[PDB]
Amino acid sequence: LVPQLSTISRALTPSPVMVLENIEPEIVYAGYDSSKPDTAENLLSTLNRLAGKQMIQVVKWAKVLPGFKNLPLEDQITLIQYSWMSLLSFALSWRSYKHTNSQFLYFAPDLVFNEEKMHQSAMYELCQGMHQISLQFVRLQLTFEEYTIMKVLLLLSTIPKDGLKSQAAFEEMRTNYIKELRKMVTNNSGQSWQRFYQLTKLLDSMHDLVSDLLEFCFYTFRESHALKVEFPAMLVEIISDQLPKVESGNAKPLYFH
(Lines of atoms letter the chains of each structure in order from A and count residues from 1; the text may use other names and numbers.)
(Lines give C-alpha, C1' and ligand atoms only; values in the text may rest on other atoms or scores of the structure.)
Protein backbone atom coordinates (compact mmCIF):
# COMPACT_ATOMS: atom_id res chain seq x y z
CA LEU A 1 0.00 0.00 0.00
CA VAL A 2 1.04 3.56 -0.77
CA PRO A 3 1.53 5.58 2.44
CA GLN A 4 -0.90 8.44 2.45
CA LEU A 5 1.26 10.34 5.00
CA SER A 6 4.08 12.42 3.48
CA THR A 7 6.94 13.05 5.90
CA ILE A 8 8.70 15.13 3.26
CA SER A 9 5.66 17.33 2.62
CA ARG A 10 5.04 17.93 6.33
CA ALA A 11 8.71 18.74 6.82
CA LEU A 12 8.94 21.11 3.85
CA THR A 13 5.64 22.97 4.34
CA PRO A 14 6.43 26.51 5.62
CA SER A 15 5.39 27.15 9.24
CA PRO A 16 2.17 29.18 9.71
CA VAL A 17 4.29 32.17 10.82
CA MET A 18 6.42 31.87 7.66
CA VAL A 19 3.29 31.76 5.52
CA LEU A 20 1.98 34.92 7.28
CA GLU A 21 5.17 36.71 6.27
CA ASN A 22 4.78 35.51 2.71
CA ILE A 23 1.16 36.67 2.32
CA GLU A 24 1.38 40.02 4.11
CA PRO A 25 0.02 42.69 1.67
CA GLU A 26 2.37 45.31 0.24
CA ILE A 27 1.91 48.86 1.56
CA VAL A 28 -1.10 50.75 0.11
CA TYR A 29 -1.02 54.47 -1.03
CA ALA A 30 -3.71 56.94 -0.12
CA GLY A 31 -3.52 59.11 -3.21
CA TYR A 32 -3.48 62.13 -0.92
CA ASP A 33 -3.63 65.49 -2.77
CA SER A 34 -1.88 68.26 -0.79
CA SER A 35 -3.80 70.91 -2.77
CA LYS A 36 -7.05 70.22 -0.91
CA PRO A 37 -7.54 72.13 2.37
CA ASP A 38 -6.73 69.98 5.41
CA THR A 39 -10.23 70.06 6.82
CA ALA A 40 -12.04 67.15 8.39
CA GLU A 41 -14.31 66.64 5.40
CA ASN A 42 -11.30 66.22 3.12
CA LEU A 43 -9.02 64.24 5.51
CA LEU A 44 -11.76 61.85 6.60
CA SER A 45 -12.88 61.22 3.02
CA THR A 46 -9.26 60.48 2.05
CA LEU A 47 -8.93 58.04 4.96
CA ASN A 48 -12.17 56.31 4.00
CA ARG A 49 -10.91 55.88 0.43
CA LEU A 50 -7.62 54.51 1.72
CA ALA A 51 -9.60 52.06 3.85
CA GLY A 52 -11.47 50.79 0.79
CA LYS A 53 -8.16 50.08 -0.95
CA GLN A 54 -6.79 48.37 2.15
CA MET A 55 -9.82 46.10 2.44
CA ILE A 56 -9.29 44.91 -1.12
CA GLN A 57 -5.91 43.70 0.15
CA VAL A 58 -7.38 42.20 3.34
CA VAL A 59 -9.75 40.00 1.35
CA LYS A 60 -6.84 38.79 -0.85
CA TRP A 61 -4.87 38.01 2.32
CA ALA A 62 -7.78 36.16 3.95
CA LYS A 63 -8.11 33.93 0.84
CA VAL A 64 -4.61 32.48 1.39
CA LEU A 65 -4.60 32.59 5.19
CA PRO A 66 -3.86 29.05 6.54
CA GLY A 67 -6.89 27.45 8.10
CA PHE A 68 -9.33 30.18 6.98
CA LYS A 69 -10.63 28.12 4.00
CA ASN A 70 -11.64 25.38 6.45
CA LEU A 71 -14.41 27.60 7.86
CA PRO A 72 -17.83 27.77 6.15
CA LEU A 73 -17.89 30.48 3.46
CA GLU A 74 -20.61 32.41 5.35
CA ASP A 75 -18.35 32.44 8.45
CA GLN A 76 -15.33 33.70 6.44
CA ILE A 77 -17.40 36.58 5.16
CA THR A 78 -18.80 37.30 8.62
CA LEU A 79 -15.40 37.38 10.29
CA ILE A 80 -14.00 39.84 7.72
CA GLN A 81 -17.02 42.10 8.18
CA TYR A 82 -16.87 42.10 11.97
CA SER A 83 -13.09 42.53 12.26
CA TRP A 84 -12.29 45.11 9.59
CA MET A 85 -11.64 48.11 11.84
CA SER A 86 -9.54 45.99 14.27
CA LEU A 87 -7.36 44.73 11.38
CA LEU A 88 -6.84 48.16 9.84
CA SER A 89 -6.20 50.02 13.07
CA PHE A 90 -3.70 47.39 14.29
CA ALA A 91 -1.83 47.53 10.95
CA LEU A 92 -1.75 51.34 11.19
CA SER A 93 -0.02 51.05 14.58
CA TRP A 94 2.41 48.52 13.08
CA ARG A 95 3.32 50.80 10.16
CA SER A 96 3.64 53.71 12.59
CA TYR A 97 6.02 51.70 14.80
CA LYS A 98 8.11 50.33 11.92
CA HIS A 99 8.33 53.44 9.72
CA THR A 100 8.43 56.29 12.25
CA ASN A 101 9.39 54.65 15.57
CA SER A 102 5.82 55.50 16.64
CA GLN A 103 6.35 59.24 16.29
CA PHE A 104 3.51 59.73 13.78
CA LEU A 105 0.46 57.91 12.45
CA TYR A 106 1.67 56.34 9.21
CA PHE A 107 -1.60 55.78 7.39
CA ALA A 108 0.20 55.48 4.04
CA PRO A 109 3.61 56.60 2.69
CA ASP A 110 1.87 59.63 1.20
CA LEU A 111 -0.29 60.32 4.27
CA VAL A 112 1.49 60.60 7.57
CA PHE A 113 -0.34 62.33 10.40
CA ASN A 114 1.41 64.64 12.85
CA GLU A 115 -0.40 66.37 15.73
CA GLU A 116 -1.71 69.06 13.40
CA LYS A 117 -3.42 66.59 11.03
CA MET A 118 -4.82 64.69 14.03
CA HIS A 119 -6.52 67.95 15.15
CA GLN A 120 -7.68 68.79 11.62
CA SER A 121 -9.22 65.33 11.18
CA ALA A 122 -11.83 66.18 13.89
CA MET A 123 -11.08 62.83 15.51
CA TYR A 124 -8.11 63.84 17.67
CA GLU A 125 -8.81 61.63 20.68
CA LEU A 126 -9.33 58.64 18.40
CA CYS A 127 -6.00 59.30 16.70
CA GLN A 128 -4.45 59.49 20.19
CA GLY A 129 -5.90 56.11 21.06
CA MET A 130 -4.43 54.52 17.92
CA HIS A 131 -1.11 56.26 18.61
CA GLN A 132 -1.09 54.77 22.13
CA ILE A 133 -1.08 51.27 20.64
CA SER A 134 1.91 52.24 18.43
CA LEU A 135 3.66 53.47 21.60
CA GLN A 136 2.93 50.12 23.26
CA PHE A 137 4.64 48.37 20.34
CA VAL A 138 7.83 50.31 21.10
CA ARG A 139 7.61 49.64 24.83
CA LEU A 140 7.08 45.89 24.19
CA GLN A 141 9.51 45.76 21.25
CA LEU A 142 6.87 43.84 19.34
CA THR A 143 8.27 41.54 16.66
CA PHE A 144 6.93 41.04 13.13
CA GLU A 145 6.24 37.37 13.92
CA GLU A 146 4.21 38.36 17.00
CA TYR A 147 2.40 41.06 15.04
CA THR A 148 1.35 38.74 12.18
CA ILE A 149 -0.09 36.13 14.56
CA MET A 150 -1.86 38.78 16.62
CA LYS A 151 -3.47 40.18 13.42
CA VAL A 152 -5.00 36.77 12.72
CA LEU A 153 -6.21 36.66 16.32
CA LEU A 154 -7.97 39.99 15.75
CA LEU A 155 -9.65 38.55 12.63
CA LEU A 156 -10.94 35.88 15.03
CA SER A 157 -11.83 38.22 17.93
CA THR A 158 -15.47 39.18 17.27
CA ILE A 159 -18.30 36.79 16.43
CA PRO A 160 -22.08 37.11 16.01
CA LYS A 161 -24.03 36.80 19.28
CA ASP A 162 -26.04 33.91 17.83
CA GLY A 163 -22.78 32.25 16.73
CA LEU A 164 -21.21 31.17 13.46
CA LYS A 165 -22.36 28.38 11.10
CA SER A 166 -19.50 26.24 12.45
CA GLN A 167 -18.47 27.22 15.96
CA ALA A 168 -16.25 24.08 16.09
CA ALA A 169 -14.26 24.97 12.96
CA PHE A 170 -13.80 28.52 14.24
CA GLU A 171 -12.59 27.36 17.66
CA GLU A 172 -10.11 24.99 16.01
CA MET A 173 -8.58 27.81 13.93
CA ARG A 174 -8.52 30.19 16.93
CA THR A 175 -6.90 27.63 19.22
CA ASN A 176 -4.31 26.84 16.52
CA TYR A 177 -3.27 30.46 16.20
CA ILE A 178 -3.20 31.01 19.97
CA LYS A 179 -0.85 28.02 20.09
CA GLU A 180 1.35 29.69 17.45
CA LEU A 181 1.62 32.84 19.58
CA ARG A 182 2.40 30.78 22.73
CA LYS A 183 5.23 29.04 20.82
CA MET A 184 6.61 32.37 19.59
CA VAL A 185 7.11 33.70 23.11
CA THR A 186 9.01 30.64 24.33
CA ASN A 187 13.75 28.11 28.75
CA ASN A 188 12.25 30.59 31.21
CA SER A 189 8.55 29.90 31.83
CA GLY A 190 8.24 33.03 33.98
CA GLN A 191 9.43 35.30 31.14
CA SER A 192 7.43 33.47 28.44
CA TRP A 193 4.16 33.74 30.37
CA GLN A 194 4.78 37.36 31.33
CA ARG A 195 5.19 38.28 27.64
CA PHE A 196 2.21 36.14 26.61
CA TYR A 197 0.12 38.10 29.10
CA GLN A 198 1.39 41.44 27.81
CA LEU A 199 0.40 40.44 24.26
CA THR A 200 -3.06 39.15 25.18
CA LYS A 201 -3.70 42.26 27.33
CA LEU A 202 -2.86 44.34 24.24
CA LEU A 203 -5.23 42.25 22.08
CA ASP A 204 -8.02 42.69 24.61
CA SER A 205 -7.37 46.45 24.71
CA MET A 206 -8.20 46.64 20.97
CA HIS A 207 -11.86 45.97 21.73
CA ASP A 208 -12.44 49.24 23.61
CA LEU A 209 -10.45 51.20 21.02
CA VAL A 210 -12.32 49.65 18.11
CA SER A 211 -15.63 50.24 19.77
CA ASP A 212 -14.82 53.96 19.94
CA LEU A 213 -13.55 53.98 16.32
CA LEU A 214 -16.75 52.27 15.06
CA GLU A 215 -18.94 54.65 17.07
CA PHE A 216 -17.35 57.59 15.19
CA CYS A 217 -17.45 55.69 11.91
CA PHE A 218 -21.18 54.91 12.20
CA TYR A 219 -21.84 58.52 13.22
CA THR A 220 -20.05 59.95 10.14
CA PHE A 221 -21.75 57.36 7.95
CA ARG A 222 -25.21 58.27 9.23
CA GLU A 223 -24.47 61.99 8.88
CA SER A 224 -22.38 61.72 5.72
CA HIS A 225 -24.48 64.31 3.91
CA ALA A 226 -24.38 66.98 6.61
CA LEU A 227 -20.69 66.38 7.29
CA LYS A 228 -19.67 66.08 3.60
CA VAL A 229 -17.76 62.83 4.37
CA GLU A 230 -17.48 60.46 1.44
CA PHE A 231 -17.19 56.67 1.59
CA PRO A 232 -16.09 54.32 -1.21
CA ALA A 233 -18.29 51.42 -2.35
CA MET A 234 -16.35 48.82 -0.32
CA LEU A 235 -16.91 50.72 2.94
CA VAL A 236 -20.56 51.37 2.11
CA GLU A 237 -20.92 47.58 1.69
CA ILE A 238 -19.15 46.81 4.97
CA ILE A 239 -20.69 49.53 7.16
CA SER A 240 -24.22 48.94 5.74
CA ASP A 241 -23.87 45.39 7.00
CA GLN A 242 -22.14 46.10 10.28
CA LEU A 243 -23.84 49.22 11.61
CA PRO A 244 -27.24 47.51 12.37
CA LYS A 245 -25.54 44.32 13.65
CA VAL A 246 -23.26 46.14 16.07
CA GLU A 247 -25.87 48.68 17.18
CA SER A 248 -28.39 45.85 17.85
CA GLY A 249 -25.90 44.15 20.19
CA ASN A 250 -25.07 41.21 17.89
CA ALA A 251 -21.29 41.66 18.05
CA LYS A 252 -19.76 39.49 20.77
CA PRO A 253 -16.14 40.37 21.60
CA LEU A 254 -13.83 37.55 22.70
CA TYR A 255 -11.46 38.33 25.56
CA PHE A 256 -8.46 36.53 27.03
CA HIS A 257 -8.92 38.14 30.43
Given for the second form:
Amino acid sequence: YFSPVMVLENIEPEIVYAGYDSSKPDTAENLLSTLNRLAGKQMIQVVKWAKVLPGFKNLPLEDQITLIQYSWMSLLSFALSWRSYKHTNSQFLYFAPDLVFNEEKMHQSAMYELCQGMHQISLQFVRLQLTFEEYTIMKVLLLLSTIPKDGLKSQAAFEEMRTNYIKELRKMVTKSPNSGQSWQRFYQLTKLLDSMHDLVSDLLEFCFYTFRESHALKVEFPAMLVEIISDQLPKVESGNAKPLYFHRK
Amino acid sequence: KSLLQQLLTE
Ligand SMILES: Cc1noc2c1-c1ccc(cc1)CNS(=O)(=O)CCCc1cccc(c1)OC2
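Having looked at the form solved without its partner chain, could you now put up the form solved in complex with its partner chain?
Starting with the chain above, the whole complex follows.
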Protein backbone atom coordinates (compact mmCIF):
# COMPACT_ATOMS: atom_id res chain seq x y z
CA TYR A 1 0.00 0.00 0.00
CA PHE A 2 2.82 2.45 0.92
CA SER A 3 7.74 6.96 5.40
CA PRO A 4 3.99 7.88 5.57
CA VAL A 5 4.39 9.23 9.17
CA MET A 6 7.23 11.57 8.09
CA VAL A 7 4.93 12.94 5.32
CA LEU A 8 2.24 13.53 8.04
CA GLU A 9 4.72 15.51 10.14
CA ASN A 10 5.58 17.78 7.16
CA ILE A 11 2.00 18.39 5.91
CA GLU A 12 0.63 19.41 9.34
CA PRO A 13 -1.18 22.76 8.83
CA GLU A 14 0.44 25.82 10.36
CA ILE A 15 -1.32 27.46 13.37
CA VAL A 16 -3.79 30.27 12.38
CA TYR A 17 -5.10 33.28 14.33
CA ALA A 18 -8.70 33.56 15.51
CA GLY A 19 -8.94 37.30 14.83
CA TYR A 20 -10.37 37.75 18.34
CA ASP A 21 -11.38 41.35 19.19
CA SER A 22 -10.62 41.75 22.94
CA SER A 23 -12.08 45.32 22.82
CA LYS A 24 -15.59 43.88 22.07
CA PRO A 25 -17.65 42.61 25.10
CA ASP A 26 -16.98 38.93 25.89
CA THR A 27 -20.54 37.79 25.45
CA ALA A 28 -21.34 34.16 24.52
CA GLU A 29 -22.39 35.38 21.01
CA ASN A 30 -19.09 37.27 20.37
CA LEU A 31 -16.87 34.39 21.63
CA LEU A 32 -18.93 31.79 19.67
CA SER A 33 -18.83 33.91 16.46
CA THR A 34 -15.00 34.19 16.86
CA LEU A 35 -14.71 30.40 17.40
CA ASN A 36 -16.88 29.78 14.28
CA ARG A 37 -14.75 32.14 12.15
CA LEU A 38 -11.64 30.29 13.40
CA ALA A 39 -13.25 26.82 12.61
CA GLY A 40 -14.06 28.00 9.06
CA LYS A 41 -10.41 29.01 8.47
CA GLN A 42 -9.16 25.72 10.04
CA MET A 43 -11.57 23.69 7.82
CA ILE A 44 -9.90 25.22 4.73
CA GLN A 45 -6.57 23.95 6.16
CA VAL A 46 -8.11 20.52 6.86
CA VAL A 47 -9.22 20.18 3.20
CA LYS A 48 -5.75 21.23 1.90
CA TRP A 49 -4.12 18.73 4.33
CA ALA A 50 -6.50 15.87 3.32
CA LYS A 51 -5.72 16.52 -0.37
CA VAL A 52 -1.98 15.62 0.21
CA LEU A 53 -2.61 12.88 2.80
CA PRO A 54 -1.03 9.60 1.50
CA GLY A 55 -3.80 7.40 0.11
CA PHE A 56 -6.64 9.97 0.38
CA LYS A 57 -6.62 10.76 -3.41
CA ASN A 58 -7.37 7.03 -4.15
CA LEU A 59 -10.82 7.49 -2.59
CA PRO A 60 -13.57 8.83 -4.89
CA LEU A 61 -14.44 12.55 -4.56
CA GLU A 62 -17.90 11.78 -3.07
CA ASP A 63 -16.23 9.65 -0.29
CA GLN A 64 -13.55 12.34 0.38
CA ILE A 65 -16.37 14.87 0.95
CA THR A 66 -18.38 12.41 3.11
CA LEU A 67 -15.30 11.72 5.37
CA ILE A 68 -14.46 15.43 5.85
CA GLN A 69 -18.15 16.27 6.60
CA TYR A 70 -18.58 13.50 9.20
CA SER A 71 -15.19 13.98 10.92
CA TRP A 72 -14.74 17.83 10.92
CA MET A 73 -15.58 18.29 14.68
CA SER A 74 -13.34 15.32 15.63
CA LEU A 75 -10.37 16.75 13.71
CA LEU A 76 -10.82 20.27 15.07
CA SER A 77 -11.22 19.01 18.72
CA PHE A 78 -8.23 16.64 18.49
CA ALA A 79 -6.00 19.46 17.08
CA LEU A 80 -7.22 21.83 19.83
CA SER A 81 -6.24 19.15 22.45
CA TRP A 82 -2.79 18.90 20.80
CA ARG A 83 -2.23 22.70 20.74
CA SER A 84 -3.43 22.87 24.43
CA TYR A 85 -0.97 20.14 25.40
CA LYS A 86 1.97 21.44 23.34
CA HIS A 87 1.62 25.16 24.16
CA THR A 88 0.20 25.21 27.71
CA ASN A 89 0.95 21.68 29.09
CA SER A 90 -2.91 21.31 28.94
CA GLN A 91 -3.55 24.05 31.51
CA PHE A 92 -5.71 26.00 29.00
CA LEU A 93 -7.66 25.48 25.73
CA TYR A 94 -5.28 26.92 23.10
CA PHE A 95 -7.76 27.71 20.29
CA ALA A 96 -5.20 30.04 18.64
CA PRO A 97 -2.25 32.25 19.83
CA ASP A 98 -4.74 35.21 20.15
CA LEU A 99 -7.51 33.06 21.78
CA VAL A 100 -6.61 30.95 24.83
CA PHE A 101 -9.48 29.90 27.09
CA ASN A 102 -9.08 30.12 30.85
CA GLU A 103 -11.97 29.38 33.31
CA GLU A 104 -13.38 32.92 32.65
CA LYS A 105 -13.73 32.35 28.86
CA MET A 106 -15.19 28.81 29.34
CA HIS A 107 -17.99 30.37 31.49
CA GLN A 108 -18.45 33.44 29.19
CA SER A 109 -18.80 31.23 26.06
CA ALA A 110 -21.79 29.46 27.80
CA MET A 111 -19.97 26.15 27.04
CA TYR A 112 -18.25 25.45 30.40
CA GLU A 113 -19.09 21.69 30.65
CA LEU A 114 -18.13 20.97 26.96
CA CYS A 115 -14.82 22.88 27.39
CA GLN A 116 -14.13 20.73 30.54
CA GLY A 117 -14.82 17.55 28.51
CA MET A 118 -12.25 18.76 25.95
CA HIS A 119 -9.75 19.79 28.66
CA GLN A 120 -9.96 16.12 29.88
CA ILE A 121 -8.67 14.86 26.47
CA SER A 122 -5.68 17.30 26.60
CA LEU A 123 -4.99 16.03 30.17
CA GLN A 124 -4.83 12.45 28.75
CA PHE A 125 -2.14 13.69 26.32
CA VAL A 126 -0.08 14.79 29.40
CA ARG A 127 -0.69 11.41 31.18
CA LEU A 128 0.36 9.46 28.07
CA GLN A 129 3.15 11.86 27.00
CA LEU A 130 1.63 11.64 23.50
CA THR A 131 4.21 12.16 20.77
CA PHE A 132 3.82 14.25 17.62
CA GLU A 133 4.25 11.05 15.50
CA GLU A 134 1.39 9.33 17.41
CA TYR A 135 -0.78 12.45 17.22
CA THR A 136 -0.44 12.78 13.38
CA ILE A 137 -1.39 9.11 12.77
CA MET A 138 -4.31 9.33 15.24
CA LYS A 139 -5.63 12.47 13.47
CA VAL A 140 -5.73 10.51 10.15
CA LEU A 141 -7.60 7.75 12.00
CA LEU A 142 -10.16 10.33 13.16
CA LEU A 143 -10.68 11.51 9.53
CA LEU A 144 -11.52 7.82 8.84
CA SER A 145 -13.65 7.16 12.00
CA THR A 146 -17.22 7.99 10.83
CA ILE A 147 -18.95 6.64 7.73
CA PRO A 148 -22.53 6.42 6.35
CA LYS A 149 -24.71 3.62 7.76
CA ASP A 150 -24.88 2.10 4.25
CA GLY A 151 -21.10 2.60 3.81
CA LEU A 152 -19.02 4.54 1.29
CA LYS A 153 -19.08 4.39 -2.57
CA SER A 154 -15.68 2.65 -2.46
CA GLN A 155 -15.87 0.82 0.91
CA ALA A 156 -12.95 -1.56 0.08
CA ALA A 157 -10.60 1.34 -0.83
CA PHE A 158 -11.63 3.14 2.45
CA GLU A 159 -11.00 -0.02 4.56
CA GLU A 160 -7.57 -0.49 2.93
CA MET A 161 -6.50 3.09 3.77
CA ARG A 162 -7.88 2.79 7.35
CA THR A 163 -6.15 -0.62 7.94
CA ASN A 164 -2.82 0.75 6.72
CA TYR A 165 -2.94 3.74 9.12
CA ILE A 166 -3.84 1.35 12.03
CA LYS A 167 -0.66 -0.66 11.03
CA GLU A 168 1.33 2.61 11.09
CA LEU A 169 0.05 3.45 14.62
CA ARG A 170 0.99 -0.07 15.85
CA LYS A 171 4.52 0.29 14.32
CA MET A 172 4.90 3.78 15.91
CA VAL A 173 3.98 2.72 19.53
CA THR A 174 7.01 0.27 19.54
CA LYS A 175 9.19 3.49 19.77
CA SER A 176 7.67 4.29 23.28
CA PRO A 177 7.79 0.92 25.23
CA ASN A 178 7.60 0.30 29.03
CA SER A 179 9.99 -4.53 29.76
CA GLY A 180 10.03 -3.50 26.07
CA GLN A 181 6.26 -4.11 25.56
CA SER A 182 4.10 -1.72 23.48
CA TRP A 183 0.70 -3.57 23.25
CA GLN A 184 -0.29 -1.59 26.37
CA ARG A 185 0.39 1.78 24.68
CA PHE A 186 -1.48 0.71 21.49
CA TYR A 187 -4.64 -0.05 23.53
CA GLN A 188 -4.29 3.23 25.51
CA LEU A 189 -4.26 5.11 22.12
CA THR A 190 -7.21 3.19 20.63
CA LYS A 191 -9.17 3.73 23.89
CA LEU A 192 -8.35 7.48 23.53
CA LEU A 193 -9.57 7.51 19.87
CA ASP A 194 -12.82 5.70 20.79
CA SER A 195 -13.51 8.23 23.59
CA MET A 196 -13.47 11.08 20.96
CA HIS A 197 -16.86 9.84 19.56
CA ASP A 198 -18.85 10.63 22.79
CA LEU A 199 -17.15 14.03 23.32
CA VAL A 200 -17.75 14.95 19.61
CA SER A 201 -21.45 13.80 19.91
CA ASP A 202 -21.90 16.42 22.70
CA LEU A 203 -20.03 19.16 20.73
CA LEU A 204 -22.19 18.46 17.63
CA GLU A 205 -25.42 18.59 19.75
CA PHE A 206 -24.41 22.10 20.91
CA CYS A 207 -23.24 23.14 17.39
CA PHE A 208 -26.51 22.00 15.71
CA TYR A 209 -28.61 23.81 18.32
CA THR A 210 -26.71 27.08 17.76
CA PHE A 211 -26.95 26.61 13.98
CA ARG A 212 -30.76 26.10 14.17
CA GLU A 213 -31.13 29.32 16.30
CA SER A 214 -27.99 31.35 15.15
CA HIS A 215 -29.76 34.73 14.52
CA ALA A 216 -31.82 34.40 17.80
CA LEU A 217 -28.52 33.78 19.71
CA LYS A 218 -26.56 36.42 17.56
CA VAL A 219 -24.03 33.71 16.45
CA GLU A 220 -22.37 34.00 13.03
CA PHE A 221 -21.29 31.01 10.84
CA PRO A 222 -18.78 31.28 7.97
CA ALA A 223 -19.78 29.81 4.56
CA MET A 224 -17.56 26.67 5.02
CA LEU A 225 -19.44 25.79 8.26
CA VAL A 226 -22.87 26.59 6.83
CA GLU A 227 -22.17 24.11 4.00
CA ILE A 228 -20.75 21.37 6.27
CA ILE A 229 -23.43 21.66 9.00
CA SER A 230 -26.36 21.91 6.47
CA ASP A 231 -25.27 18.55 4.98
CA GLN A 232 -24.23 16.89 8.30
CA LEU A 233 -27.06 17.94 10.66
CA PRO A 234 -29.96 15.96 8.97
CA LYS A 235 -27.58 12.95 8.42
CA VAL A 236 -26.45 12.85 12.06
CA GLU A 237 -29.96 13.47 13.52
CA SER A 238 -31.59 10.82 11.30
CA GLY A 239 -29.01 8.20 12.46
CA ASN A 240 -27.33 7.87 9.05
CA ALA A 241 -23.89 8.24 10.73
CA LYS A 242 -21.86 5.22 11.74
CA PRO A 243 -19.02 5.84 14.24
CA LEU A 244 -16.27 3.24 13.87
CA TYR A 245 -15.01 1.99 17.23
CA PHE A 246 -11.87 -0.03 17.83
CA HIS A 247 -13.51 -1.49 20.97
CA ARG A 248 -17.29 -1.76 21.04
CA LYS A 249 -19.10 -0.15 24.08
CA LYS B 1 -19.98 22.98 -7.15
CA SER B 2 -19.96 23.24 -3.30
CA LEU B 3 -17.02 24.86 -1.40
CA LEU B 4 -15.67 21.39 -0.49
CA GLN B 5 -15.89 20.13 -4.14
CA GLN B 6 -14.10 23.30 -5.42
CA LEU B 7 -11.32 22.96 -2.78
CA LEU B 8 -10.89 19.20 -3.35
CA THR B 9 -10.80 19.47 -7.20
CA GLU B 10 -8.85 22.77 -7.74
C1 LIG C 1 -11.90 26.55 16.07
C2 LIG C 1 -11.91 25.31 16.85
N3 LIG C 1 -10.73 24.87 17.31
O4 LIG C 1 -11.05 23.74 18.04
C5 LIG C 1 -12.38 23.49 17.96
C6 LIG C 1 -13.00 24.47 17.21
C7 LIG C 1 -14.39 24.60 16.82
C8 LIG C 1 -15.09 23.56 16.23
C9 LIG C 1 -16.41 23.75 15.85
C10 LIG C 1 -17.04 24.97 16.04
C11 LIG C 1 -16.33 26.00 16.62
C12 LIG C 1 -15.02 25.83 17.00
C13 LIG C 1 -18.47 25.13 15.63
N14 LIG C 1 -19.31 25.92 16.57
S15 LIG C 1 -19.74 25.34 18.14
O16 LIG C 1 -19.75 23.89 18.12
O17 LIG C 1 -20.92 26.06 18.57
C18 LIG C 1 -18.46 25.93 19.21
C19 LIG C 1 -17.71 24.84 19.93
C20 LIG C 1 -16.53 25.40 20.71
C21 LIG C 1 -15.62 24.29 21.08
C22 LIG C 1 -15.25 23.92 22.36
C23 LIG C 1 -14.40 22.83 22.54
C24 LIG C 1 -13.93 22.12 21.45
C25 LIG C 1 -14.30 22.52 20.18
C26 LIG C 1 -15.15 23.58 20.02
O27 LIG C 1 -13.97 21.93 18.96
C28 LIG C 1 -12.63 22.26 18.70
